[PDB]
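In the form solved without the named molecule, a lone chain appears below as structure tokens.
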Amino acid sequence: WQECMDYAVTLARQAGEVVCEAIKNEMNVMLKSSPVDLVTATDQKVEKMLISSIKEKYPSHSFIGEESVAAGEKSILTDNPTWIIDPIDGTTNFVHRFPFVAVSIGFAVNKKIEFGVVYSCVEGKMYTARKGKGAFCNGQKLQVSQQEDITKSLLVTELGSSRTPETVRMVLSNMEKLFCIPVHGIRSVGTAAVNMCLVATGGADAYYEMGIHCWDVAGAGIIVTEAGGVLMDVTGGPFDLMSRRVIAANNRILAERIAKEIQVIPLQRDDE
């Protein structure tokens, strides 16, 4: 898989320069399923670029890409080597030129993530990890923080893509409960992958979110774990890449505490 990985880094770095030059130009913003569900020609271009290049080199491999799913493709994960991608994690940020945008690539075999590559383009920060081999950022080794007291923690989360009153109310109510424990604070950068990378560096103690997709988390998941973190479902069960829910934390104490305080939202699985 090292070869695939080596290749993935080169691809991500390259896709990153396309995003990077694009962010300075005018964009034709399109809508997908709602007025806040955005896409640009750059997300589509980037995904097409990634997919042709990998299939050209790994014809037998499968793909799960955000925009191809939007175009008809189905997000079912088999045992087969699969490339899980969000051409631009932080699409909204991209549209606004908010400087937190990543190319996210996760590689799964036997339905378990083997490596991950997350390229925060505007900062020129390359985050990578290979199962059993470490988490790095521009060659520097990552380690999650040591914090076991929630009352001294810094959390990351996002507001979500739903604008339905009932759902928003649940998301804010979950926030409120955490906030009031109290915790040191809550931050929101606008990208699950970047948020999770902040946990892998020890900058944030934990990230949680409900409503994400497998492409948003496939790359960064392994980076948190290889940095010494844990992935868990918000239900307190085992992390499930297709569940639309995640808790990425420095340790299991913090993760179970968060699971405890928040209420789950009903969501349609990515494999349904």
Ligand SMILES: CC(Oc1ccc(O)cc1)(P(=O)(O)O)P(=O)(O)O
Second form
Number of protein chains: 2
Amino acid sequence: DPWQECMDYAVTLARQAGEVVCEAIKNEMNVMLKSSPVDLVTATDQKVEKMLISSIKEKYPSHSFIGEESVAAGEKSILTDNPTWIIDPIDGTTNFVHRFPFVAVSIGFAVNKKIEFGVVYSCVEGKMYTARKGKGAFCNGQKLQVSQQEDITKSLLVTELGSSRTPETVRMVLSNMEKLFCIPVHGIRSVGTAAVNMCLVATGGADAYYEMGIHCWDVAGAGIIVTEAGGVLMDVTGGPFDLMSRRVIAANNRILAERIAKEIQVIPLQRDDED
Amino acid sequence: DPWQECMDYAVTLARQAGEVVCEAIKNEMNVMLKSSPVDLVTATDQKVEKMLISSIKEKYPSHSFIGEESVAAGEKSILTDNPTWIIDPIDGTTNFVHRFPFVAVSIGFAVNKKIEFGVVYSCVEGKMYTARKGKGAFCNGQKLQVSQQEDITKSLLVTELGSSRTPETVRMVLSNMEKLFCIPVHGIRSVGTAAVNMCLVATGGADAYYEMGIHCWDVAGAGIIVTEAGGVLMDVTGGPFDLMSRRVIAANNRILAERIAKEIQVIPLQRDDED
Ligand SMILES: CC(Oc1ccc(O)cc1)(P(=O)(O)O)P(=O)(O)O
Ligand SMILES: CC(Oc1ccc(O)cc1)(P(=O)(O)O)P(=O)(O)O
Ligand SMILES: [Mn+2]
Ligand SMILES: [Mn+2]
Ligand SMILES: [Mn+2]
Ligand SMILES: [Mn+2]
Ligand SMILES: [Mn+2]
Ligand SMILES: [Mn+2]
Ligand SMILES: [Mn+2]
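Having displayed the form solved without the named molecule, please output the structure of the form deposited with the named molecule bound.
Complete assembly follows, chain above in first position.
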């Protein structure tokens, strides 16, 4: 693990950022909009992202960045082979402005376009999720393992309704949920952050997560936490996972993942690596 | 206060039960079915309820009970004027079976058919929610207050899909969710327990909860926590909350509650005081 120093620095930065987010979640909210009345942001997201990028630049000036709010400011979401930090300063902005207690700082680190480590700090909970390729996944000193469940009819899934309110899109998201729900599955849960939903699969508390519409910074930190806990990532088609494709299944195993893929009708989405 | 001693004792019992649940969620389980393959129970539910009822009976032998698993064993869900303990030994049985970290012990105490106090212990989180009529609502000794939000388009709701897998029922649950979602609201969350969903409204972290299909023991502990935090309970018709009706809206205020009620199509259900 030659990236141990980098990950340990990422953990300290995530904890620092988490403290900023915790302080801000107790204070007055000035909610701002991005593309729609349900695509939210605050000054805290922007402050935290700028702190993270400037701190990483100081120690690792040759590295590259992909950050949610930097992309909103016009930066590109193109992943080269160069070591790259893929940052979501606050995953769960809707939760944050409501003080719903699942908000995370997410950092994924890629080399040769492959994730080498991931850090997800659920900062109201004070849960530091981490994983390094080949070294396992952890939450606050506890090594993580996905569940063993291979029977979809005894599974607990996690998903979210999405940021679209387009009637045809909402109908397809609800149809997909209906089809899975009526297999049946034991249930479906929604805590409101992609990174925390995925970390819940890594812990074994849920058996699988799926969503269409995520961005690369939503899944770059948590994906490796799922796989180092023994899980799998794939596209909702069953095809290989792609960070820039807007789609993911993060599951305990390929049996549940492929069974979920068989019920998901795909919605058209703009890739993060294209204009 | 003639019921503060009962409340103090209820808190002690809820914490004791919660410690049993906490230990059991880490261990092997015997997962059993009740009315269907998605209506679950474990031996821990049954053990905890028997402990709670035997403990209350020894200290208050003239009091009555309505306990979830005792009703499953043939006891009646009739609420008289006699002091009555309305118990859910484990709210979130599906979550418990999956180790999804939101499970609660719920105790509501009614006199003359009106709730006088409520205790909800979210076991895995270690959060003790309490409220006595006229005395405020608390979480781990800290006073709670519902959110101020009166604009439904800036609200965060909590709800659940339900225990039914009947196609017509599921379609109606999802249609109700679609209508609210597309008002729009900011989002919908699902942590998997009625009592914890309601306590999230009492804290202000969510603006409102609604569900059809709950039972009296799901809402008897948490309802008073919502109202002592400054919120409201209502039927999905917009009318008075009815503890045995299977339906609830628990909101920060009447503006959001009535707006939610306007979108809900009522699902037919057998009342808890019907056979
Ligand atoms: C909506 C955002 O993140 C997600 C993604 C998927 C979810 O289920 C929840 C939150 P958020 O702003 O980070 O809160 P995104 O980064 O995609 O704009
Ligand atoms: C399903 C049960 O309670 C609920 C009720 C409503 C929910 O949204 C979640 C759990 P649970 O067994 O307590 O988990 P019920 O007491 O109704 O059988
Ligand atoms: Mn965003
Ligand atoms: Mn974000
Ligand atoms: Mn995000
Ligand atoms: Mn039950
Ligand atoms: Mn129960
Ligand atoms: Mn219950
Ligand atoms: Mn307003």
